[PDB]
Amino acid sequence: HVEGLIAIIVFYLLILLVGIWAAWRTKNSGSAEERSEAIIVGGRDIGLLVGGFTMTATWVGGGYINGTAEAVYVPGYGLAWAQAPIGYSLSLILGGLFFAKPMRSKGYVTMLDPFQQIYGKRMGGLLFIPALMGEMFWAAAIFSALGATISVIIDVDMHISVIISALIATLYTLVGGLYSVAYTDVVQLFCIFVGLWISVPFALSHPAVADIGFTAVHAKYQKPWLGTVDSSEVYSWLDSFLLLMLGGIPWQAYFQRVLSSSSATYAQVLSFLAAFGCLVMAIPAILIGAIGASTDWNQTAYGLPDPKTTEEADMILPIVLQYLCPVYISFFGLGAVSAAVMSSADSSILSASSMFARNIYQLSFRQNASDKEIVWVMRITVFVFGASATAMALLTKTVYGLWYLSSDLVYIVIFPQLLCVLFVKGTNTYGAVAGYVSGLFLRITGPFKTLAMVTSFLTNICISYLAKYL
């Protein structure tokens, strides 16, 4: 109620102030005669602390902490079917092991730079379409989820909340660039960590909560929360896991921090330190889900209808932090959830705008452009993309339907091409078109998600080698 609103106002004011202050601090830190790169790659000196904070904050936002508890709470699901915490960590480990050093060693600026140099500028432009939709729909889904969460916590209609959040996210982003985004994520990580880890001890001691050890393997009010994977569901489980594991890498939000580190060796340690952070920040969510599963919602104020019978199972974590915690701590908990839902919007906006500013506007349409023109183009693009994302979140009712399609398209199309450029020699632009056509055809017409990725990958190689033989 009042405590939640007081937390939100303070948190957003602090974030705005830090974002503005970072721009003043770091306006002069860059190549003095190349201002276009200073707002994209950041001057190529970010250490272990700031890098480790921002890389962790990128991957631990969105629906992570609010859908990790829901999977544990809902009967028929459990720890077996909560695959985000393990998918993200394995994706980060694989990235740091195999992809991070080669990309940073060659000193690229954007993810599309490898493609345009070998395949061609036209093919680099064609691969811009799948990425831009993903970056512009992840932000829309995040904005919708934030509105839902805030309308549950307090009563302010979705429009004002989403508009006020999006304006603040865009304002410091266009003013600062990468440095504001990186310096504003330390506050978010500290808020989330402190709130969740101070809330969890108080919830566990409520008289209504039972023993989470006994509930895990024995049924008291509902089915055990460890879960079970049936013999029929093995392949669906593997496909769902592989989507997150092998589809989180080919994103520019990830490659904007791999390419902005001091050296190749410091671009691996950040991934290895973010893999640990993803696991560290997921334990309180699992614990809150287990609490919610073990609780008896008849002595608390929520009333006899259980949250999953009233059809509020997406908001189990706010309900626990509100009803099973004292107000002093509920303040910190609600601030933490509000910080958690908002984490990965600015990174997506900056990632979407940087590629259009560099690869599309500069390198293809207008090569002969000064740095001032490109700076203004980047700022205008940031504003337009933020406005478009907010409008899509508020008006259209098909945000998730398009997010699901774009997520599949990225994993089926972009990932096979990245492997081919980085690790396979002899590839041509005659096989890139074949892969791009074959993946799209199978996705649109008709586990078939992973089989399309292998068909897209294996059609890239055979045609490219065949074209050499003609």
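Here the rigid core means the biggest group of C-alpha atoms that line up within 1.5 Å when the two forms are laid on top of each other. Positions refer to the first chain, counted from 1. First, how it differs from the form deposited in another entry.
- Lining up the core between these two forms shows that one residue from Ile168, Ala264, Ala208, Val377 moves its Cα 2 Å or more, and that residue is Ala208.
- Positional change of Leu126 between these two forms stays under 2 Å at the C-alpha, relative to the superposed core.
- In the core-superposed comparison between these two forms, the C-alpha atom of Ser330 has shifted by at least 2 angstroms.
- Once the rigid core is used as the reference frame, the Cα position of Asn298 differs between these two forms by 2 Å or more.
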Second form
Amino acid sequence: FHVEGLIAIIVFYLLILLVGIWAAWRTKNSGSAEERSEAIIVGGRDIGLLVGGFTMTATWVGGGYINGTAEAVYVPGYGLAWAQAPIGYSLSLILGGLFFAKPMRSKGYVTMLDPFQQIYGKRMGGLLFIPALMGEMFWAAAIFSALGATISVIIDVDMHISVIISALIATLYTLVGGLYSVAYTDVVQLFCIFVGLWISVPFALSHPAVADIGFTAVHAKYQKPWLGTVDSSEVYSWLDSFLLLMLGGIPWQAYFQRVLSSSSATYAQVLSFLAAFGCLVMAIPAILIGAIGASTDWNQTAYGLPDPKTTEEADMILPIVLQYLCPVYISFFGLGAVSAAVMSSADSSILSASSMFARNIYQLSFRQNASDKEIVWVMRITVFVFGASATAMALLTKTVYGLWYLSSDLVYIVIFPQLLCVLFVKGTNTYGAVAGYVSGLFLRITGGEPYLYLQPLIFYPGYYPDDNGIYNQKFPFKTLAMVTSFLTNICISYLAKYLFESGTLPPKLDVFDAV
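Now show the form deposited in another entry, given that the preceding structure was the form deposited in one PDB entry.
Single chain only below; no partners, no other molecules.
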């Protein structure tokens, strides 16, 4: 227990809160004097290029990303070949900038759910709200759990107090000011992440217990080489995971919040490209730390035998490396970097969920005659409630990671085909939307989730049991489910259009007014 690290982290938190409060004061008069609720969401559409790129990079680079890349490189049997997060993130951002985010910014939308509502109906727009909310909340809870574990590893401070304080600090400035405060804090937090991560690698590379990482990448010294390999029987699983990361990262409100706040559409394109480059730049020190951990004689350190992977502690390799192969102040620098990385994503997740709810459900479905003051108060109360709920789920649940993975798969399977259909396909109705929703939901539940101890209901070629007796799959059934959902959407939409436009079906049977 070192008091100096605690004092430093408290001072850092207070400085971040002060910056957020200052941003909220100075951006008070931006936007219309009557549309304050829409101001809190979009900022008046005046954000430049550098700020947009920095805030997008800070949003995408979180604790989970940094810890998972190092864990994937360190664990034997995975290597560098199975660290798919950086390339997937970069390709998703490049595809977004190339194809989406120009038509969305050209139409002056406020929230990602606006096209869905205006094309299908309020009921479909509200049905599409659940997966997005689940995806934001489970991701925030999982990264809060990871931050608590990291703090518990580095210092002996109780985890509950640390998690509560971090969540409270983020929620406070997100409540006081919205998008402007989030972006202005992200600008500082990205610099903190960069400096803290890059300062630690040379110190860890010079420890006497660490061997050459050029030799270890190709030859085995203490374990299997960390470059990894992909077997001929694991090509399809690799492609399935990569497609999940590359195509399921686009339909998120945490991305369209930055897209729709830009001055122009071309600026949105350029900010997406800059964010892709920033993610690629940030991915490097995590890989280096993972290689250092894989190339270390752990018997010569204070950790002692057995290895961290034998102790079932492979998810905490980065904090272990920082604590046991670096001096104390470098350890505190790394702790600050991880804290900043976690907060820069948690605040964006909470703001995105609150914006979606307050703008699209309450005002646009229940109270369509409410004043803006009511909407502002609803936004603030929603921010507080969602932050508290995320903190409670992080503290009192041990299955946060399985829920996070399942929610991400649900988002990728369901929302992405609907976005494609509304943007680029002409003639879609709500019949096809309902059909695609049902098909995507069914084809993912049928087929279990080992992390939640759920047995598969449909067995695909190549199923094998594991240690706990819960079956696994080797067939790319998630990509199949997504493609089936898209095709069902298109086919049912066009069939309904043909049946109602000219057919034996009377017009009175049009339950939804779409044709």
